[PDB]
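Below is one structure, written out as structure tokens, with a few remarks after it.
Removed: one protein chain of the complex. Kept in place: all other protein chains.
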Amino acid sequence: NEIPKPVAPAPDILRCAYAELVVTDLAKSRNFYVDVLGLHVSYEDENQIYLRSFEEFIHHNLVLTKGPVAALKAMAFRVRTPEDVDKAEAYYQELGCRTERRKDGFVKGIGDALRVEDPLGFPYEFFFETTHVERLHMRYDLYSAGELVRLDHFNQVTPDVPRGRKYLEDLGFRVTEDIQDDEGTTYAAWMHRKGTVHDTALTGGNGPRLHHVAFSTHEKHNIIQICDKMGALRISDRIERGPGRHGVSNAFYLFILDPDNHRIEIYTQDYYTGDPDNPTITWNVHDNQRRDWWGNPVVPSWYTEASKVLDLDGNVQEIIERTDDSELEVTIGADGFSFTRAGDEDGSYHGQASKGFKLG
Amino acid sequence: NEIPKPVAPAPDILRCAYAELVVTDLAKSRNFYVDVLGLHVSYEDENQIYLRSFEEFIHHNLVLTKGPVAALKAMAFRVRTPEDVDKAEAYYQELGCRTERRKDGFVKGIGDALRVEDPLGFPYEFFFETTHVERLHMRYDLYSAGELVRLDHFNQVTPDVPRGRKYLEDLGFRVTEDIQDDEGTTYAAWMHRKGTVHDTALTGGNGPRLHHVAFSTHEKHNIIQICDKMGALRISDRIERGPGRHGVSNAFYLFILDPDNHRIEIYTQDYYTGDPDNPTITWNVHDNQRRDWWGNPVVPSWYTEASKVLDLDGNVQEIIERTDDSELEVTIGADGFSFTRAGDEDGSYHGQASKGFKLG
Amino acid sequence: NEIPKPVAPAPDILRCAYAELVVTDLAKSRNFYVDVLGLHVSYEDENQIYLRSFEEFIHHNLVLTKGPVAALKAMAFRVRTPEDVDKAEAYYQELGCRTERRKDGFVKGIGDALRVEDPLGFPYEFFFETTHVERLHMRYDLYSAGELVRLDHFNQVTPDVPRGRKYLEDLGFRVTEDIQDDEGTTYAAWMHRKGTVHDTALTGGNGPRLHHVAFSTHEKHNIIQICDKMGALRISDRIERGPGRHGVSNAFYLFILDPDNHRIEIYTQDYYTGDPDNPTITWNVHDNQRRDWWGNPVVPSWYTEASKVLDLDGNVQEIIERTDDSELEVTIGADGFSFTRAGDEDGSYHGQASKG
Partner (left out) sequence: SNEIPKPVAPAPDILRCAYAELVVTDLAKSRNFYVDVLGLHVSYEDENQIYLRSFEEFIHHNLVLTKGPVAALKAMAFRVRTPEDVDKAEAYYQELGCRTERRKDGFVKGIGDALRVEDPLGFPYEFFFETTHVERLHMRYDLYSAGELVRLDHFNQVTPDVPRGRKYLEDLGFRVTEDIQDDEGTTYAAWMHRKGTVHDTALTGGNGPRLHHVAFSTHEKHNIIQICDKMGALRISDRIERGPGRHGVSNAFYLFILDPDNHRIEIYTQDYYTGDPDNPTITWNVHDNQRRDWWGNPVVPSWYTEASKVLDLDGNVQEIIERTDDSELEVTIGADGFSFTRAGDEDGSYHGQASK
């Protein structure tokens, strides 16, 4: 069931700007994002923490909101002009979606804002106006050895990737890289507005769920330092996967889990995608260098676990089951297969993960 | 069982200096060590390749010798003076070990040398004299993105770690770190002469076998580049384990396998151990940050696979079985366990490895 | 002398894309750019070498063209669509500028291209069509310890910075950072299309001349390696300035000199500027942390030396003298002044450069 291209013009989206995450214990979450990860506090009170990255000038990149059920409450994109908020509203209304408009914003530091239940069941916000704050990009007196310098992207779990992909292309995101097989199945797609590999991405699975939010560092050693620090704090069990080099994106990466199991990616040094004919790279799902370029196995939790998302009323969205093939199953499951070198049996894996591991 | 301390004085050992490895196909080994890893050729012909690291001034750190069966032929330590080779000869004769003395060396670029079949079945060489070559430490016109700058250590698999440790202590090696359990079994020990964490190390297991030879890089990014390069060359299947941060040693590391399955470690940034009261560090075998500080699982091959070693006639030394508990079995096997925080059930793994994998 | 805003719509410029440099000895230049700096050859013949950075997919980022006088021949920007090359043509005509349009390109690997002598006397090219090549961004088998990964920007020397700034703003470039004094003089401005600090910059001085072309590395150590390699090759005399951390741009940098003295910057880790209200940063010209954040002195040659530029016929553009104050003279000349802390005499410099 294809999502039609509206007649109304798409809003001009600049970039991913922030996420609002609902958390169950604010103090424990603050300890994770401020004390462990070093994000900068823009505002806080008893109910909310507003956090930003080292180079950000908008009010925040992350809002932690106390609530009963941990979930993604909104993924927010900044648009180019105030008038793009009107465009967003008309666009989503034509798509048949629920929309909510607040002239004074939903969260502090954001002005006129539109939140929508998009056609994949995701809570998207579009805004232009935001309170500028001190841009800390040269505050080396604050710089941490693991400093998170920007918000980079979101990653969304959704059951039908081509359906979502077409809708995001209409909205103006261009696909930079994807994962497919020779039987017609799409497992994942990465798409951008701002000229990095992505602003959001679709990962095939039961959804809507939020796979992760990603922040970048300047250098690879900053990511290693996050791991080293987590060991020193004796919370290495909260390192889910990595560090590694991605095939898709070519970025150095790490996946870690917050106190409510919301997944955060730390990412650095992908490439420029701003040209309109930027070459799209398609990887085969059975290529064992596609997710970790060094062939390290992808733990099953990476495929199966992700965050609930909320509707505009704050209720959890119902999960829709993926009927397409499962990336986990076709690569590391019982009938799974992966290769190091296409057409070579040597360095291939049958019914198990790479490097001597099987599904727990 | 105990190896008695000789009356004769121990030779004064400076450091690990080189290893002679037998390889089955010299051209494929050359491609690995020179083309992929960038070691520098000191001499080569149809029978052998002599290699050194970027900062070395003695003739070589690695001798690749063509032969029928891939194996360790000699692990060589440089001693402080010519007279120390005579001391080594009297010491090992008093231990009742087979010795062989050659006034003009066993390999090119080494003069007066003593090879011995040591009490643990290992072929050790001791020498002083060596041919000096151009020290390439400032040849940044040659420097690779993955440059190996020094030879750091060896690691030996032996069935009885305390027996081996005591013998190495009598030789003047001082233990820096070890791994034990609460019921008094030792699984591994690291010991040094030069003022780093180790020059050699003992891993509990069936032996004698050589676990690995280790080279250093200057920085962590150099190790990441070795991985990246192996991905580009589509030999990621030869990355056995890593990259990571060690617990023991605190060094950043990677383990890779040469064309004959000889294991090479790439290592950087351990600490100073030259003071005679340098504090020892004992880890518990079930501490999941002891080998990889980030808790990443140790691949089973790391525990079970190792190189054959040769006796002084070039025949393979018979293997003696370990009867103490297995590190693999007590940590990641069906009956094993490991913890992130001592005492804490959260972040503990029972009957499987960390991060969600079981043994393949 | 104000350059009027045309009625015709400006072209939609994506980014700086390539420079064409005339060089006098193709072999010596090849050695510098390929052997020393490790740039990748897309094409080469007896008269020209076409080079690209590690992550590029268009044909080239740099064209070295043999000729009698070393100079900038074209600074090229890619536009979003084929129809934007028409927009660029109608725009520069209305500006009264000389233009030349070639459906098959001026250099190999570029299709329909427009060249112009712009109102500041610089040879700009606008194009969409380019021959795609193998993007080498994951070819870590080729990756050098000093690897240049992207083309980042150009920097132009021009006598009147406000004049040039207004023209580039009308053209769609937004100022990210600039250097001014409290007497109303502007010494420099940086401006962007692609969302880094700049695609081009204006440096106040006698012009038109090209100050430098800049390539990125992934990390700071890659720039260090470039220096270390130049010492090993015993060509450290071709390191002009750096390495350092910029005040303006916040980027780690190095300036070196090619065999014809064309200045090349290596640059890494500036910040994101793609929001349309990106805060502009204005530095005072006397702030000694503005160019080198660590306060290292800027050598006079950096201010006085720059490359000649050619007009559309291949002749050197005549240089027009700057009449506004000189950044060299007001900071490090005999009556110069700079400070470490605004208002503090301690750590200030009178009539000389910082650090002794």
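The letters A, B and C name the chains in turn, as written, and every chain counts its residues from 1.
Just so it is clear, a contact is a pair of C-beta atoms (placed from the backbone, for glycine too) under 8 Å apart; a residue touches a chain by one contact, two chains touch by 3 or more.
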{"item": "Partner chains on view for the chain not depicted", "value": "A, B, C"}
{"item": "Contact residue for the chain not shown (choose from C:153, C:241 or C:263)", "value": "C:241"}
{"item": "Sole contact to the chain not displayed, among C:121, C:164 or C:295", "value": "C:295"}
{"item": "Absent chain, residues of subunit B that touch it", "value": "14-15, 55, 57-58, 78, 80-81, 132, 135, 137-138, 150, 194-195, 218-220, 247, 250, 269, 271-272, 274-279, 293"}
{"item": "Hidden partner interface residues of subunit C, rising order", "value": "219-221, 224, 227-228, 230-231, 234-237, 239-241, 243, 245, 247, 252, 288-289, 293-296, 299, 340-341, 346-347, 354-356"}
{"item": "Sites on subunit A contacted by the missing partner chain, in the whole complex", "value": "138-141, 143-145, 147, 219, 221, 225, 228-229, 231-233"}
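Assume only the chains that are shown with their structure count from here on.
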{"item": "Pairwise touch network: line, ring, star, complete, or other", "value": "complete"}
{"item": "Approximate Å spacing (C-alpha centroids) for the pair subunit A, subunit B", "value": "41"}
{"item": "Distance from subunit C to subunit A - Cα centre to Cα centre, in angstrom", "value": "35"}
{"item": "Distance from the mean Cα position of subunit C to that of subunit B, given in whole angstrom", "value": "50"}
{"item": "Residues within subunit C bordering two or more other chains", "value": "138, 219"}
